[PDB]
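First, one chain by itself: the form deposited in one PDB entry, in structure tokens.
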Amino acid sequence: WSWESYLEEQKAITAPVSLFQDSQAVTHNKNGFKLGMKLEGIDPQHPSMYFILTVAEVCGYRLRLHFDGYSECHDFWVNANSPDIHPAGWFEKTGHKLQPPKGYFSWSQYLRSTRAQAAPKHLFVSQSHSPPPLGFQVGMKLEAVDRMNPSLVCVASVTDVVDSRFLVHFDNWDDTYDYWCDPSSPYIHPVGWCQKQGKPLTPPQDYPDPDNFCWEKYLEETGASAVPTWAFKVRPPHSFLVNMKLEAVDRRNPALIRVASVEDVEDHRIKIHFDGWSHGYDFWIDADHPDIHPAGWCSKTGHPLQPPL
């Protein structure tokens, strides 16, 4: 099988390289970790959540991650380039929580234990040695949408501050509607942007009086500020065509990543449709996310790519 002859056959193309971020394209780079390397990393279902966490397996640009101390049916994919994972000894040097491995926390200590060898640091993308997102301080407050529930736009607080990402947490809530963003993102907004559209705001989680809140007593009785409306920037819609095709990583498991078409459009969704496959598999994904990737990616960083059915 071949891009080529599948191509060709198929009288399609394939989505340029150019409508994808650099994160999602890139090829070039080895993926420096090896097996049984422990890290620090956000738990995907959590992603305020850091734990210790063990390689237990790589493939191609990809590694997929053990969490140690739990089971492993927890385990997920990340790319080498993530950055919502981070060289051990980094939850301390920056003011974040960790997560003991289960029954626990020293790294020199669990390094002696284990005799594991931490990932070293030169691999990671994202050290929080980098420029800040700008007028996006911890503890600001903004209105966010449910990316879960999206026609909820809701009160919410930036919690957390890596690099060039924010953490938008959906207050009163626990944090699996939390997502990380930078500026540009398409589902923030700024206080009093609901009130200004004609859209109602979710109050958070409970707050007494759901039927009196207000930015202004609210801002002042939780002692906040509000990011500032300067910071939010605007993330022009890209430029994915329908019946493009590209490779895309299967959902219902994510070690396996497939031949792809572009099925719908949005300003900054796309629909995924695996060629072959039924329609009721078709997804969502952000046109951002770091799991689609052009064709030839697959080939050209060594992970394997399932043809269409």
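Each form is matched to the other, and the largest set of C-alpha atoms that superpose within 1.5 Å is called the rigid core. Numbering follows the first chain given and starts at 1. What changes on going to the form deposited in another entry:
Looking at CA displacements between the two forms with the core superposed, a shift of 2 Å or more is confined, among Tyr177, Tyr187, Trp77, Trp90, to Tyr177.
With the core held fixed between the two forms, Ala118 has its Cα displaced by under 2 Å. In this overlay on the rigid core, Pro131 has a C-alpha that sits less than 2 Å away from its partner position between the two forms. Annotation for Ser164: C-alpha shift under 2 angstroms between the two forms, rigid core superposed.
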The other form holds:
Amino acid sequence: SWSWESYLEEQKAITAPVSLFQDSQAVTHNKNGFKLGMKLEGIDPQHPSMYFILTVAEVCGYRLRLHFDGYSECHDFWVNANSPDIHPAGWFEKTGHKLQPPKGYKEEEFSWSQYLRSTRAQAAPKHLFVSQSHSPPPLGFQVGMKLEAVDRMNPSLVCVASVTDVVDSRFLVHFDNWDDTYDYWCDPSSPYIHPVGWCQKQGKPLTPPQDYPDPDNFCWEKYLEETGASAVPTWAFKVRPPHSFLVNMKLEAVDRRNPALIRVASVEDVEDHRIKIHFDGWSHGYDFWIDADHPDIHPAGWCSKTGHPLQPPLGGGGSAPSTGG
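Same protein, the form deposited in another entry this time rather than the form deposited in one PDB entry?
Chain only, nothing else included.
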């Protein structure tokens, strides 16, 4: 039997304190009421502005694997039961959002009552969730306002962006005149967003809207006038202090190569808002960077307290394939 207590003694190591994580990353006493076969609604992680019909394909501890109805299983993805990116059946119609129907359907063609009959299934109960859009909005951020944001797909770019939607306590960041595949959900403390004018005060180049006429001479004031849009007010931005994870601290993290697994991990390197994860016993070739507030990193003990299997360090110490670290 593997235990953190014994491992720390053996390695003469320390864990990353629970206080370093967000409450949502650390909470272990919540029940996961989702069951295999339950259907629901959710955003496509690779297309944050789109909503699809999803089915619980697997349950493990406080996590569940979701399947896009009608599409290939290669698109399946895992989330935690407290994910704010899934909603109960009927949410889209109740909140006025659009649905991308199951493969083989047209949008006019979808009705939850009929679909459940056709699939002889049941929708996940409303109480099973966390976001159904009854919550406090993000103060100061309204649809239509503009701001500057980092393109997470092209990290060196800070661009002209807009708030295109607000759901409970989060808002959707959209890159002006770029396709919505670049959109991503945020909250007021995100270190990836800044008020209009930030780049100029920092000396950083600002990426104007796609194909903006004479891009070199882009001027926020002129653009705000052309669009009649307001800039998100400066007071609304509540910058988050850099995290306090230190190199070598131990924790638990979802494996990026096989998301069904969670392994014993160590902080390999650090940035102001991200940490580099290294899986104990493994080579460093699989090490990866991840946001400090990412939903897939947790404090030691998360797995055992939630009922999820934890992969112990890989054995072999260099003599076995993929080891050395």
